[PDB]
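Asks: Next come the chains, spelled out residue by residue.
Number of protein chains: 4
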Amino acid sequence: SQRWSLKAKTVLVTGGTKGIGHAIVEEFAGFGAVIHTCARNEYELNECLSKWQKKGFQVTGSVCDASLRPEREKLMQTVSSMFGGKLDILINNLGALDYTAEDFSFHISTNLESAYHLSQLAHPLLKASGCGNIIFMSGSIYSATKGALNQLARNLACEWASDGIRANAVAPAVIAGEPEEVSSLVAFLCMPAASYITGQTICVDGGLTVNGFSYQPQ
Amino acid sequence: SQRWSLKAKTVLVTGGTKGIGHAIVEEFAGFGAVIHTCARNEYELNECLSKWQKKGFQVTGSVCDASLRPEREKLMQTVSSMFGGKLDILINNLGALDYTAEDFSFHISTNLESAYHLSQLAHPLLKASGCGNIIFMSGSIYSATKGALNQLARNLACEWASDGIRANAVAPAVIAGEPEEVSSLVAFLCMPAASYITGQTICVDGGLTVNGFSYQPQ
Amino acid sequence: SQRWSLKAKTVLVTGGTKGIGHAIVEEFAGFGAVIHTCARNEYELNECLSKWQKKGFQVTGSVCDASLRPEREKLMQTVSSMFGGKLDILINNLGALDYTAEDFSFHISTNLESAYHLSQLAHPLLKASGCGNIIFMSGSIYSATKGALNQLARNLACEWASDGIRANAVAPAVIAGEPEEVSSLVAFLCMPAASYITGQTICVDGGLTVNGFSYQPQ
Amino acid sequence: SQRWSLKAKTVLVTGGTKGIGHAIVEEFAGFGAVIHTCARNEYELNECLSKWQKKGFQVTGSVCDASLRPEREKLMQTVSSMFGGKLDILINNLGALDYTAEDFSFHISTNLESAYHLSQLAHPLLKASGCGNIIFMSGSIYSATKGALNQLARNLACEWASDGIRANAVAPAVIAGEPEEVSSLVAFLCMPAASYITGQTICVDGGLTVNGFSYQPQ
Numbered sequence: 007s008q009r010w011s012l013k014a015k016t017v018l019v020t021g022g023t024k025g026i027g028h029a030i031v032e033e034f035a036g037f038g039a040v041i042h043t044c045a046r047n048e049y050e051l052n053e054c055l056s057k058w059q060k061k062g063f064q065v066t067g068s069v070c071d072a073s074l075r076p077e078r079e080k081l082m083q084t085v086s087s088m089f090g091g092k093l094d095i096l097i098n099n100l101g102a109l110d111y112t113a114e115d116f117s118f119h120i121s122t123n124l125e126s127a128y129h130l131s132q133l134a135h136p137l138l139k140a141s142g143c144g145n146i147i148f149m150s161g162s163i164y165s166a167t168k169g170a171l172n173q174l175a176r177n178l179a180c181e182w183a184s185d186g187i188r189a190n191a192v193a194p195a196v197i198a224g225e226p227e228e229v230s231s232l233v234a235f236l237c238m239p240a241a242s243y244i245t246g247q248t249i250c251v252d253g254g255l256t257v258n259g260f261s262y263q264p265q
Numbered sequence: 007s008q009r010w011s012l013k014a015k016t017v018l019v020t021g022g023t024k025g026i027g028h029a030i031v032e033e034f035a036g037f038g039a040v041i042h043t044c045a046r047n048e049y050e051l052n053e054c055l056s057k058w059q060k061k062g063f064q065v066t067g068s069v070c071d072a073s074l075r076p077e078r079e080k081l082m083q084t085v086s087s088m089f090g091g092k093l094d095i096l097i098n099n100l101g102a109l110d111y112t113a114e115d116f117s118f119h120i121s122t123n124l125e126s127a128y129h130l131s132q133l134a135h136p137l138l139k140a141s142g143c144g145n146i147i148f149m150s161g162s163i164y165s166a167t168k169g170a171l172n173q174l175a176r177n178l179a180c181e182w183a184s185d186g187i188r189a190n191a192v193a194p195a196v197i198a224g225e226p227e228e229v230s231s232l233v234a235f236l237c238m239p240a241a242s243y244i245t246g247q248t249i250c251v252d253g254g255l256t257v258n259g260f261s262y263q264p265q
Numbered sequence: 007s008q009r010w011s012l013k014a015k016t017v018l019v020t021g022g023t024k025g026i027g028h029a030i031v032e033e034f035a036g037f038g039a040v041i042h043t044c045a046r047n048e049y050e051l052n053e054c055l056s057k058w059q060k061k062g063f064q065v066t067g068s069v070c071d072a073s074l075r076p077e078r079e080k081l082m083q084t085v086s087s088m089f090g091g092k093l094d095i096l097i098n099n100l101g102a109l110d111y112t113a114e115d116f117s118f119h120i121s122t123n124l125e126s127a128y129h130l131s132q133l134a135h136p137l138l139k140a141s142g143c144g145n146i147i148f149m150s161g162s163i164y165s166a167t168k169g170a171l172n173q174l175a176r177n178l179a180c181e182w183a184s185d186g187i188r189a190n191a192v193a194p195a196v197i198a224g225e226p227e228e229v230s231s232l233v234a235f236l237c238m239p240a241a242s243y244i245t246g247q248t249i250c251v252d253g254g255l256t257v258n259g260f261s262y263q264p265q
Numbered sequence: 007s008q009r010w011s012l013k014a015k016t017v018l019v020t021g022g023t024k025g026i027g028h029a030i031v032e033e034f035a036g037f038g039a040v041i042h043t044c045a046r047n048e049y050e051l052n053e054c055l056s057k058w059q060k061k062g063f064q065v066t067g068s069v070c071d072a073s074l075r076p077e078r079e080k081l082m083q084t085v086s087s088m089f090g091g092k093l094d095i096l097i098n099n100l101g102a109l110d111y112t113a114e115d116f117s118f119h120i121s122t123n124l125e126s127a128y129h130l131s132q133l134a135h136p137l138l139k140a141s142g143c144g145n146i147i148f149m150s161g162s163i164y165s166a167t168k169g170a171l172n173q174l175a176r177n178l179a180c181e182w183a184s185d186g187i188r189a190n191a192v193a194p195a196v197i198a224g225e226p227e228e229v230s231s232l233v234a235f236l237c238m239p240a241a242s243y244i245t246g247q248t249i250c251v252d253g254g255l256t257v258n259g260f261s262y263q264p265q
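Chain order of the listed sequences is Y, G, P and Z. Sequence positions in the first sequence follow PDB author numbering and run 7 to 102, 109 to 150, 161 to 198, 224 to 265. Sequence positions in the second sequence follow PDB author numbering and run 7 to 102, 109 to 150, 161 to 198, 224 to 265. Sequence positions in the third sequence follow PDB author numbering and run 7 to 102, 109 to 150, 161 to 198, 224 to 265. Sequence positions in the fourth sequence follow PDB author numbering and run 7 to 102, 109 to 150, 161 to 198, 224 to 265.
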């Protein structure tokens, strides 16, 4: 019922034109939520937005390069004015002949910075919502990214709970049915029915055992 | 929709007259699921069953001492015949001047045995369901119990997946709104929408940080 | 130097005639420590004791069935009187057509009880030592055992630190050079040089990565 | 004996003039190891080097700004030529009105880059040693750093084992006797006696329990 309802909940999802982000927009839109998304390619955006309205989904978007400071500030200003200064959900969806050290550090930090900054640009809207929710949805490079994001997630959760802001991190499977099916866990975590769930770092992996001993991603 | 529907799903919940078990029966019954539960006290059972039918909940029960082998075998026989040899959900809900070694080992093992045996007595019904789901819902004594159950949970999940049987473990908060609110996570995990989620050991704790460093239950 | 010296440190090691226990006796004896061990087979004991004295190792032993209460009480009485009521180290080394529920619960609990009880029978000697050290050295059955012991280990460590008693758990590799080489980690953990190390649950596994993502035993 | 000997083992320790690094140089030098260290302040270096030679410690150093690419390349060239192209140990010791996003991402990534690059600049010397060893020794900012480094550590360990290169990460206590006492664990991990230990992420924390439930840093 009302506990499992996302109806009319305002959602900001970054990178909503593909992969997990697109699946997350669909999932939330399936629950009749109001979503704003973004993408660098204005053609793919309008392209996804079109297909969405033809499904009864209420989604708006903007051409933002989430890797740029002024872009993240503009995006959040566009979100506040359209949601009336209040934001219920924030889905920090990070984007995707061998990588060097500079590239390794550039990609891992850029991801963390973008995520850490967007969370700060959204705080006021989230806190004003009364039931704020944040979810960080994101080898070699990836793994180190995971470890980095899991910590930030749990750190924030241990810092904004009084403002009523919960934060959790979700990771796709490493071993398996689509990996994009994880969108339903993302949705549930943001439901009022999951208000007590915060600081969780969940990876929906197939998991495995050896001779009877468990083994899973870290 | 159908992905988040538990409608007409058959559920066996042990210890459903109190605490978490009672909350789990309510949660599943709220979703219009068909549940069978048990309890040693036939008065508390009929007492809970009465209040339930007056709420439109479809729950049946039996007086079982889940700590006794013949009782667990009788309980499962009562479940099969009433659900037609098929069982969708199994909620292994364990029950609750200082404890000695014998008592320490007696309580931790008794809990594990009961849970491990009930899972085996239910396998055929679960497998026959096509979408089997098991969830193990359960200081000093408790902690060691947790560690024990988490392993069994992940072990089974790494063993019955081919039969379509998923298994997860859920723990109540150590630090916080009722702890019984965790029933909604229990319900979601059993939904078709969460079919890809298995081998998870989740403790919905308030969590905490020190000087900025995270800290959570193990 | 003195920080990495185990010289004249009294050690109780259960099951010291084979596998890890025998390796642990050798390791500590290599550091010139005074050890007392036990075994059900009095022939294998005298057999190992003989070979040891011919190596300059100072080890004594007794025929104890560590699975029996009166045996554990007798063993510890034999240890106190020979070490003068003080014990520096305690190595809880647990011992090793498909297992049933009763056997599953009987083996996991028996292991935990024996370990939990021996730790209590040794407390006074450990505390009196001033620098007490305990290490719990121990599929399906095993994994659940691990989870159980890891918790007890960390629980005790969080309870006897004021008496100067540290406690850690060590597990052999699941995937690799002998697994018995872990005896050196066991020795180091008990050194004064490792006095600040407690509550650790270490499994020296070969570990592995998939497509770049880490994976290890739980 | 030889298994626990670090005698004549060549060691590169970054930031060896203070805190943990200085303690690590002392620990290894106590075992009569040959160490090369670095520091931005040439006065503090010569200052520490002086006090060291007056203790019989064999340590050399260079003024390197480990945060600069050309500096890390120069440092490693200075190490190879003095150790004859072979390096046994590599201790990646990272260095230390509220931080912003750019600073947050700049510090976490800079630390990871420096560590990831130094490991690559040392590989050939390590591999040529035959028994290569690497140890990464390193709120809010720190925690995320930890998560990042733990992953890289385990990733590398899962990549250079065939070359005989082991890698582990060690973290100081969050809650307690000096935190610099962890230098002995660092030394042990690099000993031949610990050749089978790799992929470990150890934090020597005091740990704690609540009502009997364990709780530790992640």
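Everything labelled a hint here was simulated from the structure, so no lab data went into it. Be careful, since some hints might not be right.
Repeated chains share a single entry, so a pair holds when one copy, or any two copies, can fit it.
[What the hints assert, rightly or not] Taking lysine to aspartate or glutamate pairs in the DMTMM-like style, the calculated list, with each CA pair at most 25 Å apart, reads:
hint, residue 1, residue 2
1, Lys61, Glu181
2, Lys57, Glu114
3, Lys24, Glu227
4, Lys139, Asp110
5, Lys139, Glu50
6, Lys61, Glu32
7, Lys80, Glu50
8, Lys92, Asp71
9, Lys13, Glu32
10, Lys139, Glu114
11, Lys60, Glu228
12, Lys80, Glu114
13, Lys13, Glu228
14, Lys80, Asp110
15, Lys24, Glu181
16, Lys57, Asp185
17, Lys24, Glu225
18, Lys139, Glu228
19, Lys57, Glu227
20, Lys61, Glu114
21, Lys60, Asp115
22, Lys13, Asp115
23, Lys92, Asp115
24, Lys60, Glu79
Asks: Against each hint, give a clear statement of whether it holds in the structure.
Replies: Evaluation of the provided hints:
no.	hint	result
1	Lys61 - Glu181	neither (39 Å within a copy, 40 Å between copies)
2	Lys57 - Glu114	neither (39 Å within a copy, 37 Å between copies)
3	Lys24 - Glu227	within (10 Å within a copy, 37 Å between copies)
4	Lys139 - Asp110	between (42 Å within a copy, 20 Å between copies)
5	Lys139 - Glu50	neither (32 Å within a copy, 44 Å between copies)
6	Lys61 - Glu32	within (10 Å within a copy, 34 Å between copies)
7	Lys80 - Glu50	within (20 Å within a copy, 47 Å between copies)
8	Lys92 - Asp71	within (23 Å within a copy, 46 Å between copies)
9	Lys13 - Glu32	both (14 Å within a copy, 23 Å between copies)
10	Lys139 - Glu114	between (36 Å within a copy, 23 Å between copies)
11	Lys60 - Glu228	within (22 Å within a copy, 37 Å between copies)
12	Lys80 - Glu114	between (28 Å within a copy, 17 Å between copies)
13	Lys13 - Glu228	both (20 Å within a copy, 21 Å between copies)
14	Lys80 - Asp110	between (34 Å within a copy, 23 Å between copies)
15	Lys24 - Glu181	neither (31 Å within a copy, 32 Å between copies)
16	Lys57 - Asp185	neither (36 Å within a copy, 38 Å between copies)
17	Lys24 - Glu225	within (13 Å within a copy, 38 Å between copies)
18	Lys139 - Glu228	between (29 Å within a copy, 23 Å between copies)
19	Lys57 - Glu227	within (18 Å within a copy, 41 Å between copies)
20	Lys61 - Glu114	neither (43 Å within a copy, 40 Å between copies)
21	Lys60 - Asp115	neither (40 Å within a copy, 44 Å between copies)
22	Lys13 - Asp115	neither (41 Å within a copy, 38 Å between copies)
23	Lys92 - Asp115	neither (36 Å within a copy, 28 Å between copies)
24	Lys60 - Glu79	neither (30 Å within a copy, 54 Å between copies)
Consistency with the previously given hints fails for numbers 1, 2, 5, 15, 16, 20, 21, 22, 23 and 24, ordered from lowest to highest.
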